[PDB]
Amino acid sequence: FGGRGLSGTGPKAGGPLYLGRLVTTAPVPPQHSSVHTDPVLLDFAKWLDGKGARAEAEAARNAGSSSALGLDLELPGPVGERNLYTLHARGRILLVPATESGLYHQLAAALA
Amino acid sequence: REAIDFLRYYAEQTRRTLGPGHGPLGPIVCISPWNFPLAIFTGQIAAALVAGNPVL
Amino acid sequence: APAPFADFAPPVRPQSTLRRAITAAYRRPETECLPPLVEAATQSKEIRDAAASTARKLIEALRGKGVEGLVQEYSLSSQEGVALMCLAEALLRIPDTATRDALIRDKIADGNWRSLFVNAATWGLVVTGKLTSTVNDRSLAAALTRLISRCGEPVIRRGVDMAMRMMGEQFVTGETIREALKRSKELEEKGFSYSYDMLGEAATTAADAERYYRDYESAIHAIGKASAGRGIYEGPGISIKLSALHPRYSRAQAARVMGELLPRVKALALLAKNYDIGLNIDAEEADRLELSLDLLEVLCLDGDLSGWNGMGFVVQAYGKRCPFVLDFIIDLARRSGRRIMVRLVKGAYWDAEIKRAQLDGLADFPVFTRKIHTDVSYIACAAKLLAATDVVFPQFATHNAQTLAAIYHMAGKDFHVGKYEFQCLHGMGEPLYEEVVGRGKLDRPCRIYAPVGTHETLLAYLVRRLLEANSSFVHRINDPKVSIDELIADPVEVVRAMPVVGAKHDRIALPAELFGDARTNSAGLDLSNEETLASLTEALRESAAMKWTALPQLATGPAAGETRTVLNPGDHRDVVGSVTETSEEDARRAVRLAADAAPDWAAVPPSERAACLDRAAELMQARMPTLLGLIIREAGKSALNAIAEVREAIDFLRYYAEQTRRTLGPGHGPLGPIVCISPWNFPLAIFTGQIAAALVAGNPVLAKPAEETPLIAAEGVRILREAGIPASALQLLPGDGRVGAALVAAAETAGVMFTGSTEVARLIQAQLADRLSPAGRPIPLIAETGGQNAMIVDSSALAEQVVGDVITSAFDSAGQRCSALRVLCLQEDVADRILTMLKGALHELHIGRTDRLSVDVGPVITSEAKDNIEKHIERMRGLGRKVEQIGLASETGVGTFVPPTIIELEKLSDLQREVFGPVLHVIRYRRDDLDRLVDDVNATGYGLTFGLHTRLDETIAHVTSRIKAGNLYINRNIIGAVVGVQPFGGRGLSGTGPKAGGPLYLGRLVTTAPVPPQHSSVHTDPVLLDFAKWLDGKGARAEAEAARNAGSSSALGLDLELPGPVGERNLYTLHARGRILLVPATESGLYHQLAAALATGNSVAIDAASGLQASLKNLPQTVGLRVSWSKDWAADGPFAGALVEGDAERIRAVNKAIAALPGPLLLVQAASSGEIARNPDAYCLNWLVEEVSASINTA
Ligand SMILES: Cc1cc2nc3c(=O)[nH]c(=O)nc-3n(C[C@H](O)[C@H](O)[C@H](O)COP(=O)(O)OP(=O)(O)OC[C@H]3O[C@@H](n4cnc5c(N)ncnc54)[C@H](O)[C@@H]3O)c2cc1C
Ligand SMILES: O=C(O)c1ccc2ccccc2n1
Ligand SMILES: O=C(O)c1ccc2ccccc2n1
Ligand SMILES: [Mg+2]
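Chains as they are written, first to last, in the entry's author numbering: chain A, 1010 to 1121; chain B, 673 to 728; chain C, 14 to 78, 83 to 130, 138 to 492, 495 to 1221.
Each hint should be verified, as a subset may be incorrect.
Claimed, not checked - List of simulated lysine-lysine pairs, DSS-like, C-alpha gap at most 27 Å: (1) 437(C) - 408(C); (2) 908(C) - 897(C); (3) 443(C) - 58(C); (4) 1060(A) - 933(C); (5) 990(C) - 1055(A); (6) 206(C) - 249(C); (7) 933(C) - 1055(A); (8) 1139(C) - 1153(C); (9) 70(C) - 214(C).
Stated by the list, open to error - Example chain A residues on the side facing chain B (calculated, C-beta under 10 Å, incomplete): (10) 1023; (11) 1024; (12) 1032; (13) 1033; (14) 1034; (15) 1036; (16) 1038.
Simulated from the structure, these hints should not be mistaken for laboratory data. Yeah, the Cβ is synthetic: ideal placement off N, Cα and C, and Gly gets one too.
The following block holds chain A by itself, in its conformation from the complex:
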C-alpha cells in the first residue's frame, strides 16, 4: 500500500522494498529483478562508448541490468482475485550533478 505524487514518498508499506529504506545499504528483495533493459539506457551506454567514457559506459550497462524496471509479479492471495505487483518508471528525476562523470552516473541510474 502506498502511492505517488502528493500521496507519498514510498516505498509501499507491506511491500518488499520497505525494509531497504530502513538500512544504510539496501538488500535485494525477494523476486526483485527484471529481464527488461531500458532502450534509452542502452542508447546512452553506446554514446558513452563513443566518447570513451569507459567507466561510465560500464556503469550504465550494469545499472541497465540491475534495474528492476518491468518487474511483473502475481502475489499469493485469496481465490477469486488476481493481485499484481509491478515496477514502473517514476517519472522525471531531478538531477543535481557536480561533475561530468557524476552527471553520466546519475543519468545512467535514471534512464536504467
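Since the structure of chain A is already known, use the hints to place chains B and C with the ligands on it.
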C-alpha cells in the same frame, strides 16, 4: 489483523534479506495517525525495529 | 551421364525377412503394437503376486533410506539454490584450490562476485526437479547477491563442496577412466560390474570423431588392463555411441558410414577382443536404429572378431520395432555363433522423437506415447530375451522396481553368472540394486553404467540423463503422495483392461492432427524407412522418364510459341522437359480472357472455391513422389527439400481454403485478374501459394512461373485445373521477364503477387504506378524479396547445436532460400571454437547432382547465378578475407555448382550486396557491443529472418525487442517457415507484406478486407488517444470520432500463440510498421491519415508540399514527437508505408513518386477526399501494422 500481518510480513522479509552489511540507520522516529492507531502504528515500528533501529 | 535416380538410395544389403519385419513396424499404430506385447508379457497369477511382493519389499527398502539439506540449512529460495550451484560450478573452474578458497574468502564473500548461469537449467532441474528451456539470469543474479549478503562465506563453502561431490562423484564415476576405474573397486567387491560411458556423442567434424576414437581406444586399453582377464560378465566393459565416431552418421550417408565408421568400430572391437571385455553399442535416435543393425551384422559376421562374445547392443523398448529388432538380433547371434550382449532399455530420446515425427509430418510415432505401453513392451521383450539366453546375454537396464521384480520372477530360480544381468546408472541406481546384488538379497548381478568425463563434458548433456519427469519411476518413488500400491501396479494388467488396448495418448497429436479441426496437416515421407526409399526410388525413376512439358495454357486452350528444353541444373546433359514460351501477344490476350471470365469465377461461392483448393491439396499429396522427382531434377533440389516444398504447397492450399471459410462473404469483392509471378527457388510452393490465395479470394489468375522452372508450374496448374479451377480462372504463361512485364502492364491486371529479386520488384512497382484501377486506386502489389539474414550467437549457446543450425541455415538448398543465413555473428569469447567446428562441418557436406539421397547441397540454379556468386567470393578473397571452401568433385563440372563457402569479415558493413548462394559470412563481436551489433544488423535495411542462440532471458529480451525482422527464430535454424505456424514475410528491403501463410494475406486480394480470425487487440495507442483529444479541442469532431474508432479498430498489440509441434513456441504479433509517409490533400484528409497511422503505433512524415502545416498547431508533445515534415521524401526515408489523398491524377503522380523512392517498396493506400468522407475504411488498418513471427525452440 493488519497489525499482525505487518509483524509477520516484516519478520519474513527480514529472514529473506537482512545480513551484516545491511547496517541500521539508527534511532527512527515513527509518527503514526489516529485513523489506524494500531495497524500503521505497528507496521512502521516493526519495520524500523526489525531493520535493527531503535524506535521513538 | 548416370541414369536419373539409378543410385538414389540403395540399401546397404538386401533386406532379409527379419529386417523387413522391423521396417514394417516402424510407425505401426499403437493399437496394433500392444496386443501381442500384452500377450507376451502375460504371467501367472502366482508370479504376478510374487512380483508385486518383491517390488513392494524393494520400494519399502528404498523409502526406508544433499541439495535439500543445503536449501533448508540456509533458508534458500529455489532461485538462490540454483544461483548458488551456478556459483559453485564457476568456482570449481578455478583449478588451483588455493586461488579459489582465496577468491571466496577475500572477494566473493565480500559481495562483488560468460554468464555465471549458462548451465542454470541443469542446476534448476537438480534443485527443483523442473526444467526450463532458458535461464532468467537477472533473477539468478539477484538471488546470488541476496544469498551471499545474507549468508556469506559459509554458504558459498557448502555450495562448492556440494557441487564438487555432485560433479566429481555422483554425476560421473570419475573425471578420467583411471579415476573411474579406481572408484569402481568398492562395488565390484560387492558383486556389481561396470560399463563405462565416455561422455561424448554427436561428432560434428572429422577431428571430433578422431578425438572420440582415440578416447575410446585409450579407454579400452585402460579398462582391459584393469579387467585383468575377468572376462565379459564379471569384468568391466565399455559403451560407445556410433554418432561419436563419425560426423555424418545417418542413413542418407550409409555408404560413408559403412566405408568409414564401420572400420573404426571393428578396430575398437578387435581391441576389446584382445582384452576380452564387453563393447556395447548404445542406441540413439529412431532414424539410426536400422542403420546400426547393418554395422552389427558385419561385425558379428567378421571372422577377425570370432572367439569373443563381448559385442553388445542396446534395444529401446519404447520403440515399436523393439521385438522385431530382438528377433533379428537373436537370429544373428545364431547365424554368427556370437552370444550377443543385449541391453534392454526403455529409451532416452522420447521428447525428441515426438517432436521430430510431428515436424516431419510422418504417419505415426516410432515410439509409444503412453509410458505404460513402454513398460509392457519392456516386459514383453524381456520374455523374448529370457527365452534366448542360450544365444544372447540379456542385460535388463531399469531403475523401476516393478519392472525389475517382474523380470526377476519371470527368469525363475535357476541362475548362473552369465545367464543374464541387470543394469543401472551410476549414482542413480545403486540404492535399488544394493537390494538385489548379493547372496543376502536377490543374488542377481548388476552392471553399473558409469559416465566418465570432466565437468564441462558432464554438463553438456546432463539434462537428458536427468529427465530419464512426473511419469518416471525415480520421481514417483520420492513423491510421498504416490503410494507403494501405485508403484507396484502391474502395467500389463492395466493395459489389458483399458477400454481400447494400446490407444494413443490423448494429449499428443498425431502429425496429421497438429492443427486439429482447422485443417489437415500435410504428410511427409520418411527417408530413413527402407520401404519408403525403395518405393520412392521407383517413383523417382518413373518421373525421370516422363516427357514433361509446359505450354501457354490460355482460357481457349494451349497456345503456340517458341520451344526449348529444360535442363537439370546439376547436370545439363539431363534433359528434364520442354517449355513452349508465351508470346507477348498471347500474354496480353490471356489478361483480357481473365477479365472476361472474372465475374463467373467471382460468382463461385467462397466455400466451393475453397473446396477446389482442398481437392488440389489431396491431389498434390497423392502425387508427391512424382512431384518430388520433377522438383529434384528441374530445380536442383535435394529429396528432403523437395518433400518439404510439396508439403508447403499442400499447406498453402489447405490454409487459404480454411482462411476463406473463416472470412469471405459477398461484400469481399475480388480485385479482378491477378498476375502471380513466382520464383525458381520454390517453383511449386510459392507458385501454388500465391495462385491459391488469389483464386480462393475470387480472382482469376495469370500464372507466370520463373523461366528456369516452368515444368513443375505446368504440373501445378494441371493439378489445380483437375481439382476444379476452370481454365479461364487459371492460365499458365511460361516465359522470360518480357512475358511477366506484359502481364503486369496489361490494363485489366488488377493486382500483382511477386516473389523474387528486388530489381524485378522495383520494375513491377514502377509499372503498376503508371496506372490505376477503374475505381481510381493503386493496383495492389505483394512483393517479397531477399534478406541479409543474420544470426547472433553468444557464449551461452551450445556450439554443436549452433553449428548444425548454421550449416543448415546457410547451405541448405545451396543457400537459395530468401531466409538463408547470410551473416553469422559470434561472441568473441566463443568465436574461434565455433568457427573451427563450423569449418570442419563444412567439409562433411556432399555436393552433387541431387538424384542421390547422399547429396546434401545441390547446384545453384544457373550459370549466371554461379558466376555472380563466385565473383563475390573472389572479391572477398582478393580483399584478404579468410575464405573456407569445400573442394568439389569433378562430376560437378556438368552442372552449375558453387561450393559452400565461409567468409570471415571484419565488420558487418563489409558485406554490401545480396549473395544468393551457399556463402556464409562470419563476424565477431564483444559482449558489451551486442546492442550496437543489433543496430548494425538493422542498418542493412533488410528484415526477413533473424536467429538468436542464447540461453539467457535478458539477452533474449534485449535482442528480440531491438531487432527489426519479420521472422525471428530462437535456438533453432532460421529456414523452412511453416504455413500458418511461422507466417512468412519481412519488412524493409525484404517485402511489402502481408505475410504468406498468415491471416492477413487473403485480405489484400479483395477490395474490402475481411476481419481475419483472432484479429483484434484491446490495446489502444496512447498517442492516438492524445490526438483524438487534440482534435476535439480543435473542433474537429468527426475526425476525433474517426480517430477513436481507429484506436479501437487497430489490431496493434495482437499477441497470439499459433498451434504447432511440441517443443516449440510459435508466436504471432502485430507491431507498428515504422514511419508512414502521409501525402494529404485537405486538412480533414490529414487528420484521418494521422488517426490511421497513429492508431497503428506509427510515426509519420507529412508532405510539406501539402501546405497544411497550419492544421497541426498546438499539438501535444506526445503527438508532435511522432510528427515530422518532409520536403524531400527520398532524403527523409526509409518509410514503412504511405497514405495518399487526392484525385486520380494526383494519386497516380504521388504513386509514381513513391515508386521511385530508394529503399523499401512502400505499401501505398490512396483515397479521394470524398472517399475519406464517405468510407470509414478508406484506409485499411491491416496494412499499417507489421506482422512478426517468432519461433522459439523450447526443447
Ligand atoms: C544402464 C542404462 C543404460 C542405458 N542406455 C541407453 C541407450 O544406449 N539408449 C537409450 O535410448 N536409452 C538408454 N537407457 C534408458 C534411458 O537412459 C533411461 O534410463 C530409461 O529409459 C529409464 O527407464 P526406467 O525403467 O529406469 O524408468 P522408468 O520411470 O521406469 O521408465 C521411464 C521411461 O519411460 C519411457 N517413457 C516416458 N514417457 C513415455 C510416454 N509418454 N510414452 C511412452 N514411453 C514413455 C521413456 O523411455 C522413459 O525413459 C539406459 C538406461 C540404463 C539404466
Ligand atoms: O518472371 C519474371 O522473371 C519477371 C516477371 C515480371 C517482370 C516485370 C518486369 C521486369 C521483369 C519481370 N520478370
Ligand atoms: O525478357 C527478358 O528476359 C527480360 C526483360 C526485362 C528484364 C528486366 C530485368 C531483368 C531481366 C529482364 N528480362
Ligand atoms: Mg531475362
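Going down the list of hints, with the structure as the test:
no.: 1; hint: 437(C) - 408(C); in the structure: holds, 18 Å
no.: 2; hint: 908(C) - 897(C); in the structure: holds, 15 Å
no.: 3; hint: 443(C) - 58(C); in the structure: holds, 25 Å
no.: 4; hint: 1060(A) - 933(C); in the structure: holds, 20 Å
no.: 5; hint: 990(C) - 1055(A); in the structure: holds, 19 Å
no.: 6; hint: 206(C) - 249(C); in the structure: holds, 12 Å
no.: 7; hint: 933(C) - 1055(A); in the structure: holds, 17 Å
no.: 8; hint: 1139(C) - 1153(C); in the structure: holds, 19 Å
no.: 9; hint: 70(C) - 214(C); in the structure: holds, 21 Å
no.: 10; hint: 1023; in the structure: holds, 6 Å
no.: 11; hint: 1024; in the structure: holds, 9 Å
no.: 12; hint: 1032; in the structure: holds, 4 Å
no.: 13; hint: 1033; in the structure: holds, 5 Å
no.: 14; hint: 1034; in the structure: holds, 5 Å
no.: 15; hint: 1036; in the structure: holds, 4 Å
no.: 16; hint: 1038; in the structure: holds, 6 Å
Comparing the model with each earlier hint shows no violations; every hint is respected.
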